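In this view, the complex is presented without one of its protein chains, the others remaining in place.
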């Protein structure tokens, strides 16, 4: 009945959707009761060749197990 | 003499935020016939226990009120 | 008990944001009798190709929900 | 459901913002019963010339948009 | 005339945010007397070294200034 | 040098500019120091007959005199 | 298509609408496809005599044309 | 020169937002001694299919960062 | 060094990503030096046949040469 | 019953935003000894007509209400 | 009377004040009427060896001159 909230950033060369999804799946590997991920910010990183990386910051909350 | 109402509406899709937006815009157009702009207010995802993702988006749209229509 | 609905409306005017706002409020009062305040949320101008300006203003108002009005 | 309606509503109470919010939610649930989350947008108090306080709260709620339901 | 001053004030209580607000509004009403609405701007808690909580709330109120009152 | 900041509301049946000018002139009654007023918020009161009052909240700042309260 | 966004400030002794109109016209003298100007901020400057100038900041967008720097 | 860690946590309770906030403070103090302020970030309510309400509240807390353990 | 910051809008019938990349590619035509573009706002234009245009407003910053 | 006033104040300095803030706080403390925290709200610079910069900073401070600081 | 508004970023190895001073002085090379610069955002770049650059984004306005 008490949850930790954290922000994470996903990235992808394909889409904000895939960057988000990757980040949520990685989070689920280790905290395992994420129900909602809220989009906080979106941006793009760009290199000199013009390759774009889509980056997305998400807020996810998870039930804290009786631990520190 | 033109007064508009503004509402928020949410679309959802397994595919994308663009698809979730398009669903909500289509449903709004079935109710009113002068929507020209829909602004993105918030985006999120819902994740079910099996890890299936649904993309969700809240849009703000305005449309001209008809005389006598309720608030 | 008493519960209220809040909505956002946009008035428009070739003259002023005050006139656009008064038009929106008067239209609102044609439907509900209990509006005593209207908060300004946003203002803009639309411009056509001749340069004719329409002042536009988004207002938030609230009013009592009547039970015989479906949500 | 691919589309959800969103509305903002205000509840009031002489006793708590929690009561003001529960009343607003329960009144909305009378009309649409799949409301699962209500977000607090704004809180205030009205104070009458005797000093009597009314707690007021504005909530945003969403629910599946029905066929033939206005936006 | 009819110019108002707008100020923020914080009330505190071990019991609730509503009581902390009531304390602040009652205190303000004995100095300035035409306060009709108090808006909640921020809420927090102070926790002491023993773990006792003090709920604290920042409110915005406006009151009519006397014709000659300094700023 | 240190400046006090205050927020004030003016009102008018006619315009927000008048509402603002009224608030600003009242401020100028006890301080020759006001050079900018920022609009923070705008609304209208509407009475039962539907008469409108435009109201506007402004922020002003001015030098703190060594004997004034904050 | 791709567009440029800019903020501009108009001023007037008369009204925020006139300040805004004036800035918009100025903008339109250079580009023909401004369709909306969003109000971002309003303020007033006030001189030592208490004379008021209404000032308004607006955000406008227009199609960027080859003969146009960023 | 000291460094502090900042985290956000959410408490919940069927009773009130004050109680939801106290549950989250209690849980935080099980791990750290020196939380002294908890700022309210957001409040909402979750409503189950039976109409039962749970009050939820997101708090931001800071405390001394110790050389061990995570940023 | 000193950088200029500008806002630009890209549009696409396909996606906000395509609208953004269009806008960034065009910016890098006038100044190759852009490394990040932050999304500021997103919206859609909808015509009377219900055809959607996705639009996105980006902030970019670049080394001021001027020149 | 413990109620606090909140005010905004601005300090200025040709040297730094730190010195600007410190000047404001020191002036505030000349009147009210118990100010312990000041939050930065905004920073800017005023620039004169041959390039001299003045750093300015707006701070928010709170302190227990008292009749020598009416409001 | 009409004014142009722009955002600019300055950097410094030593302070946000100096980073700001630099951006303001660079703007003044091009325009004469700048009277206020508002701070929008502050950040720091940090290289792989731990060296810090203070960066600041300012908004400035000035009268827009003919053409």
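All chains are identified by letter, namely A, B, C, D, E, F, G, H, I, J and K, in their written order; residue positions are counted from 1 within each chain.
Throughout what follows, contacts are C-beta pairs under 8 Å (C-beta built on N, C-alpha and C of every residue); 3 or more make two chains touch, one makes a residue touch a chain.
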{"item": "Which of J:21, J:45, J:47 or J:71 contacts the chain that the document leaves out", "value": "J:21"}
{"item": "Interface with the unshown chain - residue positions in chain A", "value": "4, 6-11, 22-23, 26-27, 30-31, 57, 62"}
{"item": "Where the missing chain touches chain K, by residue", "value": "14-16, 41-48, 50, 52, 54"}
{"item": "Missing-chain contacts mapped onto chain H", "value": "1-6, 62, 65, 67, 70-71"}
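Criterion: only the chains that are shown with their structure count from here on.
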{"item": "Chain C and chain F: spacing of chain centres that average the CA atoms, whole Å", "value": "24"}
{"item": "Length of the line joining the C-alpha centres of chain C and chain D, rounded to whole Å", "value": "20"}
{"item": "Junction residues of chain F - those touching two or more other chains", "value": "4, 15-16"}
